[PDB]
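Listed next as structure tokens is one chain, alone, in the form deposited in one PDB entry.
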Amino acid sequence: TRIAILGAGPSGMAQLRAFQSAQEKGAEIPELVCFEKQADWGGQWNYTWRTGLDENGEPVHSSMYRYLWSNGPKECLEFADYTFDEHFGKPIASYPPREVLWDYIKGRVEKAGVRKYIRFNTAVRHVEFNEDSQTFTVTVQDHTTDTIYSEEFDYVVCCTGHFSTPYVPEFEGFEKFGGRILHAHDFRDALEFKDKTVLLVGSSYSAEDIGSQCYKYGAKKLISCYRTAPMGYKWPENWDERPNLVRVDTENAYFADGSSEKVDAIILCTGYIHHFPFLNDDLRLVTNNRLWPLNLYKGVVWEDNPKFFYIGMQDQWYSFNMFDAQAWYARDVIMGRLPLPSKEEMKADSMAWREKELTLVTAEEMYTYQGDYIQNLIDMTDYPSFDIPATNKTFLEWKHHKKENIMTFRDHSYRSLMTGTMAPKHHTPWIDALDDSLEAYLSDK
């Protein structure tokens, strides 16, 4: 049995780990080949100065930027099989910088010894299902040797992400704007916008955080405009909210009310698309970003072809723990431990899940929904169970601290749901901690 894993981000790392964990217990695991286009694993977490296209002409993958910290409480991502105490030995504050979180992430994955399965600097060019042999043709470009080769596989797990191919809407006047226009995906360094007025369009994943990085690092003025429901956050004195953008000229933005302001740069925080150029329509997932995409049994299995799998393709309220559950589930399906219903029943099961999804209004409902999804997957495998209700509860006190004050939510502390450890206060308040580094974070004063 021969399996292909597209991508060495957290999802592909989870899949590898799922298989190593089955084997470490004593089962005989299929051969694993994980193709990764970057020079090293980590996916989104592997930060790069590069933007647009990479050294090989491949789309730059990572959207992460300098000075980024944990989006939510670290206790909400803490791995179900590997604790923050286990890895660091010391208690730490609740919103670690990217570097810190990365060290934690690789700590688990290298203790697992799964690196041996990965082909780096190798981009999946095509995946094709052979009707006659019930096998897959995966065509790959190796950028080290510069050769395009293909090899056959029995199962394929797609772990290539959905936060890398930008949705970039055009607004009337864009060709003439004398300032810089970039998608959030291209944002690297908040110092570039020091003393400048930045217009921030949209309300997708990084809109609120990108703004607050610019603010913290000395932007002159921020303007947020968006089309979704206004979160009543108290913004700082030089942060302005306007109705949606309609047009721009050489140096000005014009909003729906009829007001205008001088704008030095425009960051489109307008989201991403599910994009799989290596896929034909018989295998290609088409969906907007949501809690419940169609055509995926248990949110993981490609319904038109049970031999193909997708990890991490849902909108991510939960992240790392969800990828694990999804991976473990997919592993047990591939290995023959869990038999799949018929296409008809899979489709109908997914419909019940969609119908549930359409019902959700509040943030609490949305976590509970995703928590229940993960609980469902965990129940079917030997994945260790974790305190989902209390994790939901923690997510919700994070949303609460955001509402109280959007600029200081990162100085709050939370109780670990793996070890019960209350996180200590960080030595430096967020606003003042300009230093991005692990070495800064781990030390004192």
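Residue numbers count along the first chain shown, from 1. We call the rigid core the largest set of C-alpha positions that still match within 1.5 Å between the two forms. What changes on going to the form deposited in another entry:
- Superposed on the rigid core, the two forms differ between these two forms by 2 Å or more at the C-alpha of one listed residue only; from 277, 232, 258, 339 that residue is 232.
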Given for the second form:
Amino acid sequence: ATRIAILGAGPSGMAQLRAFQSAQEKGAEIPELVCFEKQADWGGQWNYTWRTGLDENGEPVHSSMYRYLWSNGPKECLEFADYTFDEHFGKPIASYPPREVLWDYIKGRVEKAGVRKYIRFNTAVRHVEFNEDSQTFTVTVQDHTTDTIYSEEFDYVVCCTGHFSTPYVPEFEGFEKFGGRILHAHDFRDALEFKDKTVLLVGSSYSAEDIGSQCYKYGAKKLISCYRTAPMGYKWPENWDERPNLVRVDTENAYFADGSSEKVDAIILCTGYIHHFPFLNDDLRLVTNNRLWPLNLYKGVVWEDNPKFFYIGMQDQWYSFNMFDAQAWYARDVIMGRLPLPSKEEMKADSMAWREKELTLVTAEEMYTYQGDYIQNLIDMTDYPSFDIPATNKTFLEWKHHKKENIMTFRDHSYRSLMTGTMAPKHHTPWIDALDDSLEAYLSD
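With the form deposited in one PDB entry already on screen, would you show the form deposited in another entry?
Partners and other molecules have been left off, which leaves just the chain.
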């Protein structure tokens, strides 16, 4: 009788299916589930592809992940509370696993849940309309396996389409004339492409940090990072420097705000992403910048203009997978009727409260502690196994510290699991010398 459409089979869409399956396992009647995915497989960002721009169906390439990518936070900060690393890998592993390993892990859970059967792959979501007459959603999709466009009626929609895929790509003067590659971090795939090259990186967040680190590791001659407002702050290697922003570009040269000048071979724009939902009209569409707390989302999940429509993972992330889990579990309970929603007036007030609080945050520590607090709120309302949130916050602190000490070796460190207490062993190869990013290599000796 009740039908839910879940948009995307990324970590969040997986979490949503996991949430319902978990309720069903406990004897509960769950609604009919349909999950639309445009890729051929699950994993979202984590499913790797050599492709760039548009995929073989003409849909924008989703994954922004690149070769040699490893986890950027401690894995212990993203461990599933109901599916441990210990359960999955059958043994202790190091704290910063390669993409393939974390992909194997998140798949591992949904494999055990039997939820693949709900996903229509190779299917891109085209449009979502709310019908006021029947109080249902018409979800229109393109099945690229059959080359068919069809639609179905749903009672609730859960958007898990992510927000690190549609690039924010600013222009700089001279770009039409520059003789080198100008790509966005989203199209970055292989560091080897930039070996012995001089690479300009425009940005001062994780993509700048890590893509630079990848180019360094795989042998770029020189790296130049430029910042908009403030530098990354770390002590970079001898051939890597940070400067004020790019101002213009020659056929061969880049010109910066400090009056500085350099000959660059390639420009990689690590300038972030936008919240882009081409399948939604303004009545349903979330419009926001990347932040810990976007507005119009009750408990960070419920669309305030239409509370039958939900968003997962739309916040900026310190916490990732177990946030999505907490979000999806909450969305489940609302959908199912276990948690009734307040007035539209009372929802907005709760959101503004969280917003006002977000505005006071200065330090990294305050910020992921704020997110930790948000998740604590969510899990308390739910079956989801409460886990050690304060102890996670101390793991993040140790990680921040490890980065400040040496940015090129923070991945060499190890952390205690906050689910099992399993002390993660030191990896068989220091990050810098571990050229192989395969799962097989990582789990071997």
